[PDB]
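Novice: One-letter residues, chain by chain:
4 protein chains.
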Amino acid sequence: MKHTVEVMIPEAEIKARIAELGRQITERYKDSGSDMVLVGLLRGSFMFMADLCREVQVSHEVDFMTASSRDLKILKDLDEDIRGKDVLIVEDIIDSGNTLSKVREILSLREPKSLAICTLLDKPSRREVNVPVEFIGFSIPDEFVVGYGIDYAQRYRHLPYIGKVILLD
Amino acid sequence: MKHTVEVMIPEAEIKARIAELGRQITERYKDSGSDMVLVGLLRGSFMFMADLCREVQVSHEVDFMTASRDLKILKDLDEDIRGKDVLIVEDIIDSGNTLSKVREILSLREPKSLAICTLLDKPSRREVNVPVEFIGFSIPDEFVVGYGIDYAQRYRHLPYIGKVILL
Amino acid sequence: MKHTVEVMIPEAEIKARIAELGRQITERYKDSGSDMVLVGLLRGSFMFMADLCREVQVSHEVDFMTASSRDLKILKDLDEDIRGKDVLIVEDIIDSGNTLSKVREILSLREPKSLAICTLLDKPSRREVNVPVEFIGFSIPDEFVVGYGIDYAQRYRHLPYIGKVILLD
Amino acid sequence: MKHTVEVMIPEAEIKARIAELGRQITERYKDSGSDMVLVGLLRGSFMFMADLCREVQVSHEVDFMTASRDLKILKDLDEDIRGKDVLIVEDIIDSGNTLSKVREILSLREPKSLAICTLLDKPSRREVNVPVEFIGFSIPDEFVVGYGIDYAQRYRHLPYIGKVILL
Ligand SMILES: Nc1nc2c(ncn2[C@@H]2O[C@H](COP(=O)(O)O)[C@@H](O)[C@H]2O)c(=O)[nH]1
Ligand SMILES: Nc1nc2c(ncn2[C@@H]2O[C@H](COP(=O)(O)O)[C@@H](O)[C@H]2O)c(=O)[nH]1
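Residue numbers (PDB author numbering), protein chains in the order written: chain B, 305 to 373, 382 to 481; chain A, 5 to 72, 82 to 180; chain B', 305 to 373, 382 to 481; chain A', 5 to 72, 82 to 180. A prime marks a further copy of an entry chain.
Source of the hints: derived by calculation from the structure; they are not laboratory data. All residues carry an ideal CB built from backbone N, CA and C; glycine is no exception. Incorrect hints may have been included.
[As the list claims (entries may be wrong)] What follows is a set of in silico ranges between Cβ atoms, one per label pair, in the way DEER data are often shown: (1) A':95 <-> A:165: 36 to 44 angstroms; (2) B':465 <-> A:123: 28 to 36 angstroms; (3) A:141 <-> B:391: 20 to 28 angstroms; (4) A:20 <-> A':138: 58 to 66 angstroms; (5) B':315 <-> B:440: 43 to 51 angstroms; (6) A:139 <-> B:423: 37 to 45 angstroms; (7) B':334 <-> A':126: 42 to 50 angstroms; (8) B':336 <-> A':155: 45 to 53 angstroms; (9) B:315 <-> B':479: 52 to 60 angstroms.
[Stated by the list, open to error] Computed footprint of chain A on chain B', listed as stretches where at least three residues anywhere in the stretch have a Cβ under 8 angstroms from a Cβ of chain A: (10) 330–336; (11) 388–401.
The task is simple: from the sequences and hints, build the whole structure.
Specialist: Here it is in structure tokens:
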């Protein structure tokens, strides 16, 4: 405890990147024809999902799922079916790559037309389980970050920008 | 089922209202001191929650709950609300039955304070007296979609509030 | 850790008591007319519920609920509605009286015709929150007990009898 | 909907079979060494689970799961099954689709071993090849109730397996 937070990725930049991601997601699926659904992982992805789904110019459903972050268990499964649909898992950040990994396995079992992941933040240096991540907003070093869904002791989750937890002594 | 969606509340108007609500909500708890948490009711309020919490200038946590004749908890909160100021975040209120119950349930956990902030309000359909401290818009009884709200699992992604036309 | 378990309440005695409880529950509701449902609290009440519901000679539904044992939260709510029905919460043991207390408040909100509690074991000396318990199988001192649903470090939950954890040194 | 329930498998026959299953299941894992857990699928198997685990003479944990076109987890396990022997406890298997999926899901968690033990089996209705290591009874395609199984949320409390007659 005892710290401060400084802006790392300004709100305006996040917006710009999400717009670009939006164009990409749109391009990648506009011609699929079949149903599409962006699946967000609670709690972390609520804000990113909000902004992102608005930038996706292709009709889709929005469902949320919440898995325990040693066994990965489902605390709240999807409400809608994903069989035969293009599914785009949406997370705020990927580091160890464990949850996204297992969640992706769980969902493939329901035999969807396709499965891809989209994460606002990517921390390559922390990957433990290799998992394919199609769309990434920003690649950053292993920095203590908060905001935009990412919390620190139940805090900063509502920050419109990505912050860096400094930590005084 | 064939239908049309017409804009009802354009994106900019919502943005502006959310900003006002933020100010109001901020002014209301900025001096509480106790911890604060905004509770969104899935699925419909995820978007409203995302934009609203950014406009709330007071350190708070963000949790979600999802409730369904009896009102049952499909997914409870992750946080304890006891002794905290709790702002329930809803997308829309009409009958008033659901918020009515969800509020009762949370009240049992004895929070510092309990309140509700709904984006839309169709007071023409209330069948239950329920305290609603914050309202973004009071509206006609139209079938609204967008900004989180759906229609046959559709339209939640629209950045504006729309009305289904049907024919 | 490092211990042994000795029989405290033999399986045959448990059966006898449950039969008696069964007669009582049956007597108490046989003339209600309205729907009845025994609500069990997982994990602990699964075995007790199994035996008990068979001793209740009055048509009823069997539903389960599972609440976190500081705020009491619902991890899995009831599947069926209880409004206007006689509800009999079923637990393996009541001590502090906290969970049963909150669970009872949660359920009264759904306005059932009636709410009562039935617990196999009662530990009066540990009550922190006073809550009415209509049917009790056995009243025991604050003993380290296991079996019949009550576990000790994920163990003894399948014992057909109530045991006492001795604890060597 | 008007109907009649006739006994199909009397209480004593079930008691005896459960005893046998216990012996079999016991003999099968008594030398594993690794931790063991029987997983019951709510709601229907709660009774079968209660009687079966008592007949299993090997230290184990007892957990429950409840699954629902897609097979979704309404309530996951409380325990981790990784590296443990897992015995899925079901009340009845017919199509085979549900157990089929639940098994896939648990398999992902990499348990020491995975198996299924169902009380009833209607092999005349299988549409999916699924491994079932233990079966209490193989039966005709009757509509069974009792011993946990229901009919319009009714009859789960019967101590015997019955068949609905309809007229
Ligand atoms: N899609 C959609 N859902 C609605 C509408 N009006 C009410 N609802 C549903 O009813 C709930 C609110 O119920 P209340 O609190 O009034 O009982 C909302 O969470 C929402 O899911 C509407 O116009 N469109
Ligand atoms: N009440 C009742 N449920 C049944 C019956 N046959 C199948 N089921 C349901 O189907 C599930 C098993 O499905 P399966 O594994 O064969 O796909 C059981 O958990 C049960 O809930 C029946 O005769 N009566």
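Novice: Hint by hint, say whether it matches the structure.
Specialist: Checked hints:
1. For the hinted restraint 36 to 44 angstroms between residue 95 (chain A') and residue 165 (chain A), the CB-CB distance of approximately 40 angstroms keeps it satisfied.
2. Range check, residue 465 (chain B') to residue 123 (chain A): about 32 angstroms between beta-carbon atoms, so the 28 to 36 angstroms window is met.
3. Judged by the Cβ atoms, the range 20 to 28 angstroms given for residue 141 (chain A) and residue 391 (chain B) holds: they are separated by roughly 25 angstroms.
4. Between residue 20 (chain A) and residue 138 (chain A') the CB atoms are about 59 angstroms apart, so this pair conforms to the stated range of 58 to 66 angstroms.
5. Here the CB-CB span from residue 315 (chain B') to residue 440 (chain B) is close to 48 angstroms, well matched to the stated 43 to 51 angstroms.
6. Taking the beta carbon of each, residue 139 (chain A) and residue 423 (chain B) are about 44 angstroms apart, inside 37 to 45 angstroms as hinted.
7. A hinted range of 42 to 50 angstroms holds for the C-beta pair residue 334 (chain B') and residue 126 (chain A'), which are about 47 angstroms apart.
8. Look at residue 336 (chain B') against residue 155 (chain A'): about 32 angstroms separates their beta carbons, and that is not inside 45 to 53 angstroms.
9. A beta carbon spacing of about 58 angstroms between residue 315 (chain B) and residue 479 (chain B') agrees with the range 52 to 60 angstroms that was offered as a hint.
10. Figure legend: the segment 330–336 of chain B', annotated as covered by chain A; annotation inconsistent (0 residues with Cβ-Cβ distances under 8 angstroms, at least 3 required).
11. Coverage of a stretch by a chain is defined here by at least three residues with a beta carbon nearer than 8 angstroms to that chain's beta carbons; for the segment 388–401 of chain B' and chain A the count is 5, and the condition holds.
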